[PDB]
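**Student:** In case you want the letters, here they are:
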Amino acid sequence: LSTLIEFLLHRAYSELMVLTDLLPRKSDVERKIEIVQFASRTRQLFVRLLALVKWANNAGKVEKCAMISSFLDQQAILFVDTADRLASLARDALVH
Amino acid sequence: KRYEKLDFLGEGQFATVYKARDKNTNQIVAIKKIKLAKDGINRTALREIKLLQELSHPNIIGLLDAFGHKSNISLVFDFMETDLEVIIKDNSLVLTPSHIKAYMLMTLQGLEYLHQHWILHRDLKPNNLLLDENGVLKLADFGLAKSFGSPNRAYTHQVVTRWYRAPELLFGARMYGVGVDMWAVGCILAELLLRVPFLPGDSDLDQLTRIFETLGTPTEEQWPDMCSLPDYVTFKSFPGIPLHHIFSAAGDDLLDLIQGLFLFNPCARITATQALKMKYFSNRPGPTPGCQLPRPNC
Amino acid sequence: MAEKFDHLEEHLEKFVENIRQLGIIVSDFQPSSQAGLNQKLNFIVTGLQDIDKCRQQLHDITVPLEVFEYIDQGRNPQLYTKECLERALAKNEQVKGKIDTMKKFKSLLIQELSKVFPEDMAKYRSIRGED
Amino acid sequence: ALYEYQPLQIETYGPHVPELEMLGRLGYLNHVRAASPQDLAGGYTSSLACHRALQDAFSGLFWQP
Amino acid sequence: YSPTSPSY
Amino acid sequence: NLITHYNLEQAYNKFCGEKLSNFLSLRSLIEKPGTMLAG
Amino acid sequence: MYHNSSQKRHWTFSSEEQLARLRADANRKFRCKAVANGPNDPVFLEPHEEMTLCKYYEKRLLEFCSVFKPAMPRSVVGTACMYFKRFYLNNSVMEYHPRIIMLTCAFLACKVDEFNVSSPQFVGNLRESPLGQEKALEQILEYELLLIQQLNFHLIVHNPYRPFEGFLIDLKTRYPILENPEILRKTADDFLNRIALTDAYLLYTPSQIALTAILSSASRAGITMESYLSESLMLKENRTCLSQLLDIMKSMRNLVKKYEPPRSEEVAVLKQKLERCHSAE
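Residue numbers (PDB author numbering), protein chains in the order written: chain r, 51 to 146; chain e, 10 to 45, 51 to 312; chain v, 1 to 131; chain d, 244 to 308; chain A, 1650 to 1657; chain w, 82 to 98, 103 to 109, 126 to 134, 146 to 151; chain f, 1 to 38, 42 to 284.
Just chain r, with the same shape it has in the complex:
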């Protein structure tokens, strides 16, 4: 994360300064339309972020959840596994 979104910020940073000696080196409609592209895909991304911010409240639970899942699933493993265990016995055992 953080490093991602900040080197992200860089990409705006440098991107922009690129565009910015291209402030002189572009056609005006392009200028506006892409600056808002960037800005907009941006703000969105920034929404993707602030969404991180705006639902990232959930950590300890949601992990604890996934944990709970895994706790469960292993019981059923244990279960069926104990069974196959038998079946091994069944064949191998018997036929010897």
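Here chain v is said to cover these stretches of chain r; the calculated rule only asks that three of the stretch's residues, wherever they fall, bring their Cβ under 8 Å from a Cβ of chain v:
(1) 51-64
(2) 78-84
(3) 88-97
(4) 111-123
Below, in silico cross-link-like pairs of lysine-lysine (DSSO-like), each with a Cα-Cα straight-line distance of 30 Å or less:
(5) w/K104 <-> r/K104
(6) v/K96 <-> v/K106
(7) v/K40 <-> r/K104
(8) f/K274 <-> f/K138
(9) e/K28 <-> w/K133
(10) r/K104 <-> w/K133
(11) e/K84 <-> f/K138
(12) e/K32 <-> f/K33
(13) e/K44 <-> v/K53
(14) v/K40 <-> e/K42
(15) e/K28 <-> r/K76
(16) e/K14 <-> r/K82
(17) w/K95 <-> v/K82
Simulated DEER-style distance windows between Cβ atoms:
(18) v/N42 <-> e/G19: 22 to 32 Å
(19) r/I83 <-> f/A36: 42 to 52 Å
(20) e/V150 <-> f/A283: 52 to 62 Å
(21) v/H59 <-> A/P1655: 21 to 31 Å
(22) r/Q94 <-> v/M1: 20 to 30 Å
(23) r/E65 <-> v/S32: 15 to 25 Å
(24) r/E65 <-> w/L149: 15 to 25 Å
(25) e/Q273 <-> w/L149: 57 to 67 Å
(26) v/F68 <-> e/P214: 22 to 32 Å
(27) r/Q124 <-> v/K103: 17 to 27 Å
By construction, these hints were calculated from the structure, which means they are not laboratory data.
C-beta atoms are modelled at their ideal positions from N, C-alpha and C, and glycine is treated no differently.
We have chain r already, so just place chains e, v, d, A, w and f on it with the hints.
**Tutor:** Okay, now just chains e, v, d, A, w and f, sitting in the frame of chain r:
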């Protein structure tokens, strides 16, 4: 003033590359501006300049110009539409044995020139093997490339992309010869034959483990005098997969080329010259002409 | 925490909204208000630094990579808990169904066991007294 | 349309330098510092130093602008 | 796991 | 039950018996990524 | 390799007359540039006075690269001095002061060769105050791009030291008549320094410079080494090539013979006049 920008080709961690056209020859070039403390011109740029100013081969990129302004510079190379990485990764276009032979021949000819000039391209990978619409492969970037002749010079062991690193560099060899380029060339050929990175390592130890479990750990009769490298650690004795099992559809001559390029002993490893003299390149499927090589369209 | 979270908010929130500003004016270039525009850029620089200050102490927090994908698919987390919740159903099904498999299994078991000799007699001490 | 290897004739304006393999049995390597075993573990052989020194010694002798 | 170019 | 022994029950209410669009490329980066004088 | 280098292609001139032409052209260009912008003021330097100041500041460049606190390799010093020689071959001393260009050439030689030195270290090697070191670093960074532009981006310099060592190896190997060629090593180091003081680096290949140093040391020590030229170099058959090499060697030996080091009073006067030219720009 003399070059007009045409496209925003991209960036590397020390450069911004734009397609451009010169107003003097209407030839399409690639201009490379270098970014910017209290050190001056970046040493990777100076290394590009100094090494590429004294090389002129068909199969090495050549900087057609170099200039700059306050505290920053721009190089001007041949414009190269693609690299070998986009050719490898593109599932649409097939790489027949003739196409593979063409890429290998161009790579090894460029590298043979570079090695006869005692320069060592210490970063060789499909990303850094560009090629134009004429299908001429050129060794791309020399920002970490050196002169390997002098004894008095203490090199660095960390300089080549991990996946294409020779075992001795992972073991920390501060002094090495053309074996690093040739190991990276063998790895390029393996990735070219499998279309997926041969030996993709997560770390130096993982890269060594994968090298050894794929080829067998060297037994000190295959790589004698190995135990003396600064970062040598003993490994579990892996059997290694036979080469005619890794590359199940490569000819015997190609297998001999693979074996030569993948010898652990950095002195028994074949050089570009003697690689070029092997029966693989002289056998019946000729390399494809650069006009018939596949280009990844869009 | 929250009010550093909430700082990342109203500030960095303000940073998104400021962007709303940025675009909305930058549709239309008045030859100078780039002064206003680039003062927003100025806002962008005072931000970006202050942010990163708000960002290297942001912890890059450990990556729920997939549930990331899930909110990288914008599908908000709650459905996660929800969906593993639906599994948790299926799993509570399995587990307690199996207990039932038992409770009959034993039950009908002992049933026939009695309908068969219920005569693991002495050791039925433990058996009965095991029920 | 097969391929035949050509030895990359690059014309050095100077006396002929003996090949790298035919260099220790002509006697040159006796007068070059031996490569340490660690150095030999990499690709370094002490004949690279000898060969480079001989190639720069004979690079341009028979040449003036 | 795709990596970065090695860094001086 | 065992949320019973796992306290998630508030999240049961909330979270017993849109999202993206609801609460109101790049990912590949996330896989492999005087200024006034200038412009 | 030298035989393919840009040093052979561009920076290796046919005669000292072409060098004097280039330097007089640079001096005249600066003089005309000063005159045409607001006509014979004696503040200007003459080409020969410029050459005297260039010799002086090349001596100071050797002194700086010799007292460099990390032991600077001799290839780096040779490269820096070659850069100084070329830069002032095509540029006027009154435009760019030779002390800043001296330090800049040393800096770029440290970077182009792989002698890895940090900028604080490099300016710490200057006998100036830390303020003076900071300002000197600022000037070096200002002038580094100019130095690289004026070299036409030809940064690889081939020094006579590696051909010297290679000739010594070949001489110990195929020339049994000579015993212990390291007396030649000491005396040829002396002659090689002498010949680096002159403009022979722009006129002869490094191999020829090294061979002239070696054969000059032999001649001073009474050894005849014509059998190493005619035989063991197979100049016995291409007689024209042998005589051509001998002419090159004689020319360069005489070139070292006629070199007159910069004076002490003349260099003082030239430094004062140059600083007056730089102060009043």
